[PDB]
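Peer 1: So the chains spell out like this:
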Amino acid sequence: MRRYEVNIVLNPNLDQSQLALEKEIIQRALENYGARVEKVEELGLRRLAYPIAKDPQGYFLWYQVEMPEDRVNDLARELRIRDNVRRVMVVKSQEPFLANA
Amino acid sequence: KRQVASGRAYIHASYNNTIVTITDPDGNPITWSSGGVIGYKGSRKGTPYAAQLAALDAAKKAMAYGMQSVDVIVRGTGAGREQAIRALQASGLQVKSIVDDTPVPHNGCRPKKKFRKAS
Amino acid sequence: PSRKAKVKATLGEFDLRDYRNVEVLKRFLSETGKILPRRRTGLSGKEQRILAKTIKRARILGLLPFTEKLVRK
Amino acid sequence: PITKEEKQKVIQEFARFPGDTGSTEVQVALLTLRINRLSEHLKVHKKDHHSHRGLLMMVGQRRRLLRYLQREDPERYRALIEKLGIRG
RNA sequence: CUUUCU
RNA sequence: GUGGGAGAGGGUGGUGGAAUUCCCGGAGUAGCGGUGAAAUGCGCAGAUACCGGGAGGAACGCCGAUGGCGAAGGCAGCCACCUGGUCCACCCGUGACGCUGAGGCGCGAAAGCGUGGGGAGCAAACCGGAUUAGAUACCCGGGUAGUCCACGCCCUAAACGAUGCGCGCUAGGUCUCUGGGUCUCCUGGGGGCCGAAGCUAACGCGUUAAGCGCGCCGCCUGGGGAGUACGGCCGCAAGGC
Ligand SMILES: [Mg+2]
Ligand SMILES: [Mg+2]
Ligand SMILES: [Mg+2]
Ligand SMILES: [Mg+2]
Ligand SMILES: [Mg+2]
Ligand SMILES: [Mg+2]
Ligand SMILES: [Mg+2]
Ligand SMILES: [Mg+2]
Ligand SMILES: [Mg+2]
Ligand SMILES: [Mg+2]
Ligand SMILES: [Mg+2]
Ligand SMILES: [Mg+2]
Ligand SMILES: [Mg+2]
Ligand SMILES: [Mg+2]
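Protein chains in written order, with my numbering: chain A, 139 to 239; chain R, 41 to 159; chain U, 12 to 84; chain Y, 32 to 119.
There's no promise every hint is true.
Here are some, though not all, of the chain R residues that point toward chain U, as calculated from beta-carbon distances under 10 Å [unchecked claim]:
id	residue
1	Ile113
2	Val114
3	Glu122
4	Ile125
5	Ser137
6	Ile138
7	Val139
8	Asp140
9	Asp141
10	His146
Beyond 12 Å from chain R on every Cβ pair, some chain U residues (computed) [unchecked claim]:
id	residue
11	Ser13
12	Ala16
13	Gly23
14	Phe25
15	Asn32
16	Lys37
17	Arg38
18	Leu47
19	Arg49
20	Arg50
21	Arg51
22	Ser55
23	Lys57
24	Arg68
Hint data in this document are derived by calculation from the structure and do not stem from the laboratory. Where a beta carbon is used, it is the ideal one built from N, C-alpha and C, also for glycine.
With the sequences and hints as input, model every part of the structure.
Peer 2: Okay, here's the thing in structure tokens:
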């Protein structure tokens, strides 16, 4: 099992209850696939460079997990299913490449 | 009839002609004019001068809908692009701004032989 | 030529592998989502190379433009 | 892939003595490993020719070390093979 | 635009 | 073997935005387009230009290069998975296990062929406009195969560095990509340029040899006839050797 980063962007017009609903299904998914959660980040809403799904804003997440490589792609399918889920991207972890430091 | 005041001024330049389309802040065209829209049938439709008469025309018909200030957009490369603008700027309208919003592809459709040999 | 000023100079120590530093990245783009050359990025082979890939990610997460319209002219 | 630990395990499993790494046996034993994995990777991706060459090269190198083995100690040979699972 | 032969 | 590294090397699955075409709705008229000049063509069943939505196909701008990777053909949106090659440091292990390579086997741009699928844009043939003395062309308007995918076949090429592979030896200077070190330099791998000696008919090559040498393979022996004929092998065919 290797470390990954799970960017996820959902509908920004979610009600705390509708929203809470998503973060839930996500947690299941992650779990169901072996996504051992190492830490999250609730950035919230930010100005997208371009409208996504007609919507001019977006609600970002970020779960750095440690799951089995052999799943990741399937996990990624599962995550995407959710309609209020706008975009999902799972980079592999990477020692930060400094610069001008 | 409508009366708008401010809106968009689309300048579609090319080496073959220049059509100018004035529209409301929603983008729904109010008035338009080409070069041939003023006689000029074949080649002359491209001359920078043609663009001038076009711009002006569309500008007039535009002020007829009560226009006053516009946001100019440009798309194309023609012996009349920057000129048509020279026109609108003058005319009687208030060109708030200018923008080149020509559409370029991040490489997709194979162009006609006429435009190939790119690479 | 283009000796106006470099993007690395007017900047600090940053992780060129950060596909979310929307603030720092925006710096390397031009008056369009277009990624800056080296004469401008001031970066280097290896760097300017990671920049590029990093930027593309941000773009995808809707964090950066792919192309901007040109004001003035 | 073949993880460090997973690999070294084989190295030990075949080394002639503590520290032995580049020994013909260890070596053959080692390539036999890679070869089989790749062999698999092509059970699928029959379309991946660029890797296939690599395969072709590993075999070459192997079917070569062995050649030398038999030539040398014809015993270690019979052993290694039967053990490793080759010939046929 | 094209524009052959000697 | 251990530990570091760069890469458009390859295979599968996803997936992002730009643009074109089409369909829908909005607003809007009289033209658009195209050329040297035009016409064909398309538009009042409302085109062009503009805004919104949708569908689909193919290709991935900037980064991007005098750049990188591969044995060659060749390879660039992003993500994961699977997988090949390779450079370096330590010098730790094996102990000549090496080089070349007739034949064989595999790979092999494009066009082409088979079965099925796909088809936006482009476009042999073709159907039209123009130009011309004529125009079976150049230019303009349409356009089928094809280009796309899968599986099977074909195997060619200015398949080029027009330069077989491996090793040793023979001034430097200069730029560059990638690793190491005591890091305005030294050192290794790769890509360029100018050049010692030397080689060359010359042009040029010159530690990335076309120099000095050894090993192994392929090949040449005046031009036309002709890569034809015949024979043989391969191929569904075209055709290939
Ligand atoms: Mg030793
Ligand atoms: Mg010994
Ligand atoms: Mg082929
Ligand atoms: Mg083909
Ligand atoms: Mg076919
Ligand atoms: Mg014709
Ligand atoms: Mg045509
Ligand atoms: Mg066409
Ligand atoms: Mg040099
Ligand atoms: Mg060198
Ligand atoms: Mg000399
Ligand atoms: Mg020279
Ligand atoms: Mg003869
Ligand atoms: Mg036969």
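Peer 1: Hint by hint, say whether it matches the structure.
Peer 2: Here is how each hint holds up against the structure:
1. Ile113: Where the cut-off is 10 Å and the nearest Cβ of chain U is about 8 Å from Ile113 of chain R, the hint holds.
2. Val114: Because about 7 Å separates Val114 of chain R from the closest Cβ in chain U, which is inside the 10 Å limit, the hint holds.
3. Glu122: With a minimum Cβ separation of about 8 Å from chain U (threshold 10 Å), the hint on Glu122 of chain R holds.
4. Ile125: holds (8 Å)
5. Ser137: Holds, because the Cβ-Cβ distance from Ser137 of chain R to chain U comes to roughly 7 Å (cut-off 10 Å).
6. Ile138: holds (5 Å)
7. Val139: With a minimum Cβ separation of about 5 Å from chain U (threshold 10 Å), the hint on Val139 of chain R holds.
8. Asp140: holds (5 Å)
9. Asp141: holds (5 Å)
10. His146: Result: holds, 7 Å to nearest chain U Cβ.
11. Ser13: Its Cβ never comes within 12 Å of chain R, the nearest being 20 Å, so this holds.
12. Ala16: holds (24 Å)
13. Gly23: With a cut-off of 12 Å, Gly23 of chain U remains clear of chain R, as the shortest Cβ separation is near 32 Å.
14. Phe25: Given that every Cβ of chain R is farther than 12 Å from that of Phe25 of chain U, nearest at about 27 Å, it holds.
15. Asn32: holds (24 Å)
16. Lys37: holds (20 Å)
17. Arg38: holds (22 Å)
18. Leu47: holds (17 Å)
19. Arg49: holds (21 Å)
20. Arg50: holds (22 Å)
21. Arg51: holds (20 Å)
22. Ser55: holds (26 Å)
23. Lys57: holds (25 Å)
24. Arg68: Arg68 of chain U clear of chain R: closest Cβ-Cβ about 16 Å, beyond 12 Å.
Of the hints listed earlier, there is not a single one the structure fails to meet.
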